[PDB]
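Participant: The task is simple: from the sequences and hints, build the whole structure.
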Amino acid sequence: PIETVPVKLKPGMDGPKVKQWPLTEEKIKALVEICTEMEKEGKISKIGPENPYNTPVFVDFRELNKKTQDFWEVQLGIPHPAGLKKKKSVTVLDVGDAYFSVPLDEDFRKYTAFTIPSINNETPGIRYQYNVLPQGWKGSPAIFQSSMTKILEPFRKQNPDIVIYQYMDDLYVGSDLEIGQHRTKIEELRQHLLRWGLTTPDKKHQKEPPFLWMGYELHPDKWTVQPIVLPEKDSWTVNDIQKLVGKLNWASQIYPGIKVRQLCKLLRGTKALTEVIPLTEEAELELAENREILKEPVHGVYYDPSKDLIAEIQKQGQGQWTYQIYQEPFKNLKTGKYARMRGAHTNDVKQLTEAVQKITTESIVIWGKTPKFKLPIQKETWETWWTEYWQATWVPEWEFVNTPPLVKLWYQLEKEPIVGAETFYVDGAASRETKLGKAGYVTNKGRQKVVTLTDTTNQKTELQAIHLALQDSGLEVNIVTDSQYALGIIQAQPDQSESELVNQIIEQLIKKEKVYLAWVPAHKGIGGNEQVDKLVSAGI
Amino acid sequence: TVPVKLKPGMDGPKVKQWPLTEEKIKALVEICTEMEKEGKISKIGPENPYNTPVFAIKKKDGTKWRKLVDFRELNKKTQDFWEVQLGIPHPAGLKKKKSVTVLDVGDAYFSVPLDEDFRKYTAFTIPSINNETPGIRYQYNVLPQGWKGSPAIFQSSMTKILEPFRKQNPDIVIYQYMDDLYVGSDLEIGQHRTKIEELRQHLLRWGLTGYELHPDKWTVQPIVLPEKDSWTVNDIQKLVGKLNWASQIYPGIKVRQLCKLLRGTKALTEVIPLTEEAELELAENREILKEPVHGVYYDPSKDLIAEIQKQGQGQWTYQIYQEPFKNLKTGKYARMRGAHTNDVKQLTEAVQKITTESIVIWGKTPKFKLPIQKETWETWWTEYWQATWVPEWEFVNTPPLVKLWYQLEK
RNA sequence: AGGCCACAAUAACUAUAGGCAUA
DNA sequence: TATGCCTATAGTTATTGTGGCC
Ligand SMILES: O=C1Nc2ccc(Cl)cc2[C@@](C#CC2CC2)(C(F)(F)F)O1
Ligand SMILES: [Ca+2]
Ligand SMILES: [Ca+2]
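Chains A and B supply the protein sequences, listed in that same order. Taken in order, the first sequence gives residues 4 to 61, 75 to 556; the numbers are from the authors' numbering. Taken in order, the second sequence gives residues 7 to 215, 231 to 431; the numbers are from the authors' numbering.
These aren't lab readings, by the way, just hints derived from the structure by calculation. Some clues are possibly wrong.
[Said to hold, decoys possible] Chain B is faced by these chain A residues, among others (derived, beta-carbon under 8 Å):
#1 400
#2 403
#3 410
#4 500
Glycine residues also receive a C-beta, built at the ideal position from the N, C-alpha and C atoms.
Facilitator: Written out as structure tokens, the structure reads:
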């Protein structure tokens, strides 16, 4: 009475009518012996010229799976060992007769038909069809889990003190009871599964507490990954770097200090499978220190619902952040490596907030509650940025912690114009033909300077003009520009390699005492702005 | 019972479930178990590929958790049923009233059975913490809250029960949208509360079960320009930049005489006296901002758009339009007074208030343009959300010029 | 006669909204 | 109206890799 699940096909196609491959005879003699045993057990049944559908046997259901209907996800996101609870005794159960115990929908059974190769030149042959769930089928793990969940329900209600997790065929059972009480309850679970015809290993055949699951070596009190050993010195190829990044990203969940950006910069190149990309001194520098991190063995800690979650942020470099989540000090649950400056530039404060937002969402999936943050930023700086910024955000609980690399807001522009300060009207113009541009400034005192540039755009020339306006000016400066682009960048705090010019302007503004910056509409006949525009667009 | 079919070509809703907190999931399990025993929803297997997002909200009167299902995706695929086949009529006299009271009648749809073949499209999944359990699956057996077809089917039974109320009060206007009921009246403060209860007591006859609006008080506040005694170059330059951008909204605005005040290079502090032409241009520009602009009309064939800007210090401004620079309704939602308010809460309170105003005047939910990140909004919006509707939103960038213009609005 | 799940990197298609420049 | 050059918001399909599985 294992309750069959009704399964249909996709709207506009019948089952696979694919023919068999040439006979071998070396494999046929073995296949008959296996199929007869499956027929005797009741897994498959004989059919004649009735069934038009056919499936090739190596059984490859590649054509049928495309024709079979879509099933809802079995398990999309995999459980993280940090989200699991600490248990006294743990037991795993490898289920035999998994897909064999659960029967298939009778009407669908005709689509799973397969024909055995002949003995001597296309002789009639023997035909079979699956009465139960077949291996390598789309709906096989979906129905099996759905059937298993209904079986475990009465046991879960009777035993809420114990925790049972189901994965594919294997079952993970854990409790806080003594080793004597725990061992007895597993046998009671086995007898319940044996009712439906599910074979499970006995006490002596059961695996010991070091479980290997999804690459993780699990323990009742702690968890660790399998030792990561990588090929070393000699000049490696392009995909060997991709294999190295894959191992470092895999280690980033437990090892806190991992830097992978320089290897990602080498993979920014395209094409050849054997390019043999050499290393830069800065690339091997972060690679050599990552070897030191992977030397000493580390372990993760399980989640406790009583204690609060605490996350800490550190700025390790240019567009790189590292976080470690812990309930107890020095006892880390999970680490990360967030460095997602998406090829852009951004800043320091917003980029930190983008880091916080990723962990907040991560904690909802894993633990189910929001963690308390300890950020390397003062409340004075946080309030100043988010009041002047257009984008809204909210971090409910966060505290201040002084770390060696503090997040620092460099400069702030004046809200009102400065008295006695020299006024600088500024403008830049360029043409995309030949790529020539001019940048200049005109003051109220009379002084002016115009320069010419090579390989430049309108965005670069306007940015060069303000650089000249800060180069020749005093301490208190009033700068007027007609660009929304040039105003928008300086009003933000670009903490990146936004190319040469931007880093020079930021460095200039730190040296100055007070700077006021204003915007005017272009080509409107405004005094000051009109005089500069005629000079920069003289030959353009 | 009534047969329901999808729009030809399109399949059912297949949307990913957004992760929920440990407290919210346990609250949803308690509600879903109650509804399963009542015969509202039933468990279904993995053979159903269709999915609908589910969120947990909180109420004020009930004080307990409420189940919210996001049918936004499915409603786009079943739009021919509740708009063309069974459309709800909308009057143009609801927007003019003294007092409007809103009531929730969402429990009324929990009795009328749903079509057998259409039951599979209302499937939703309850997520698990760290994916320990496979995830609990359910589908609606009756008319669900948040689905546009529910008021369309009940419409034939809704008009017959409101007939004794409509015949009693001919001058009083009533309108139904989704799970909320809108009643407008020109009666007094003490009269309004009693007449609503008369309809509320009538609901109990059929068996089913500080919030008061003033649509006449939604008068559009005009944009006022700074009244200054002495003008400087910097004061003109900020004004010209804002007015030149506003020329595409209000065509009557000109900056020609104000620009002639700036002759040659001048300091920002330099005091410029206003001439006969400059004063007369600025004064007429103030008159254009006070009087409503021509060429602004509602179009039923086009979708409505709503854009909100953050001004800071607990101030938010908004615009309702169908085409850019042509606003049908403007204003500013400052803050819900004092207590506990953040950037998300003030925005959440604004969106709900703008949506409610959109239903009274037009009867359609606008496309929301929000100055917030997608990941930030989708996590915290459920905390302060109360209404059953779900407006279609997008996340965009806020220009500096549009932010500085609408803060001059009174 | 490799596919599926999680994460990451590279590439490509970007789409929408606003803006500047030239035509 | 087109293309090149800027900002912001949001995605999609392919490859490769790491950890796993059928
Ligand atoms: O809540 C947890 N605690 C736990 C702790 C250690 C181990 Cl090794 C296993 C668990 C467990 C889980 C497991 C599935 C991930 C494999 C257990 F399956 F129930 F065992 O449940
Ligand atoms: Ca454009
Ligand atoms: Ca792969």
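Participant: Please go over all the hints and tell whether each is borne out by the structure.
Facilitator: Hint check:
1. 400: violated, 11 Å
2. 403: holds, 5 Å
3. 410: holds, 5 Å
4. 500: Holds, because the Cβ-Cβ distance from residue 500 of chain A to chain B comes to roughly 7 Å (cut-off 8 Å).
Hint 1 alone, counting from the list given before, is not met by this structure.
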